[PDB]
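Coming up is one lone chain in structure tokens, specifically the form solved without this ligand.
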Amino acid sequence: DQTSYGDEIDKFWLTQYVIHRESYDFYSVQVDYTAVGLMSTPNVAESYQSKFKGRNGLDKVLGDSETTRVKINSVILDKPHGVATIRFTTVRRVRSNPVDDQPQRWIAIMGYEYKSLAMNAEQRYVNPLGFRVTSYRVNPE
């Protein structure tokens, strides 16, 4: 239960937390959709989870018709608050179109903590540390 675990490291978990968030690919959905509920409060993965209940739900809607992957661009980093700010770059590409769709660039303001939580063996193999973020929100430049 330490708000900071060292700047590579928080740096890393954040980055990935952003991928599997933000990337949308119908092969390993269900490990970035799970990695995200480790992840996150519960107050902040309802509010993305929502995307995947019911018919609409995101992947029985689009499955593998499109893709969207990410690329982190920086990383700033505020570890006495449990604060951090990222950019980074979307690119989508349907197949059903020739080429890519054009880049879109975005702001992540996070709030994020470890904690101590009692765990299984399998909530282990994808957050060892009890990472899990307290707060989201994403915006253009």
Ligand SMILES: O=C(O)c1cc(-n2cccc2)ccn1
Contents of the next structure:
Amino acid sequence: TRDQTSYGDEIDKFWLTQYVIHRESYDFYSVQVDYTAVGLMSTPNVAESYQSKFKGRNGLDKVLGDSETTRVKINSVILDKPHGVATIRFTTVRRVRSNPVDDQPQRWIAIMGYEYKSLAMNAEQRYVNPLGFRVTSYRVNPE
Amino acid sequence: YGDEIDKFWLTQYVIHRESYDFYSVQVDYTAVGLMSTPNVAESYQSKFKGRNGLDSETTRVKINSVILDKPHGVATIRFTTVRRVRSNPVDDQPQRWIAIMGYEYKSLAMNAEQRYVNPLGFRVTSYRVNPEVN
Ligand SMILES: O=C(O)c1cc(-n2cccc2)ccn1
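Got the form solved without this ligand; could you also share the form solved in complex with this ligand?
The complete assembly is shown below, putting the previous chain first.
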């Protein structure tokens, strides 16, 4: 909509958490929806390193299928609105359909830079991102 | 504009209206004033209208469900509240409720005011809330 670094605590918090759930979760049924969302909510450079694991024969969706899944769980969010910086602590629970039960959960820390860029958008894009939220920097490290 | 985007303003609205706070009384009253129509918003202010407007107590909320009815702009939110007076050293016994509301997206007038709370023009048309006891 409008060039803007921040939209408030609650607004930024929703877009940030949604992003992590889209990009760190893997469900064979929603992969296309998750894939499309991360692209629109990211700069080309940020979207490039994520789309890489999906290209070619050994693309994640081509290899995994529905043999496994990873669930995502948000645990806390720290906003630095004036700088467009945000820290996110979350948990991920993987599974494989051939094992008895789930495997041990994994704690992560996400350091994200975000903004709201005003640019042209098509109909199918108005559904994904209204305020034009975009991640300009992303990297996760173990807890 | 999608389920998640709608569920956000809805749950936030239920949290805004069905709660009670003072740091946030200057932020919740103002918040609901923008996410509501002049028709369904006077039933919410009517609670302080006059001299006897509503620190001695508090009321917090936790969302437990969302179900959506897209084509109509309605939702079936189910939440719980907890009352607490400054005096009583412990919280009150929880109570469970049910609500359905009307929302729309009509960005007719928007200023410096709504960017923080409501820049997407989320507006509530209808409201009701009724309890639930098994
Ligand atoms: O990213 C989503 O919004 C999502 C994730 C999942 N999911 C469940 C386990 C792992 C990913 C299912 C449906 N939607």
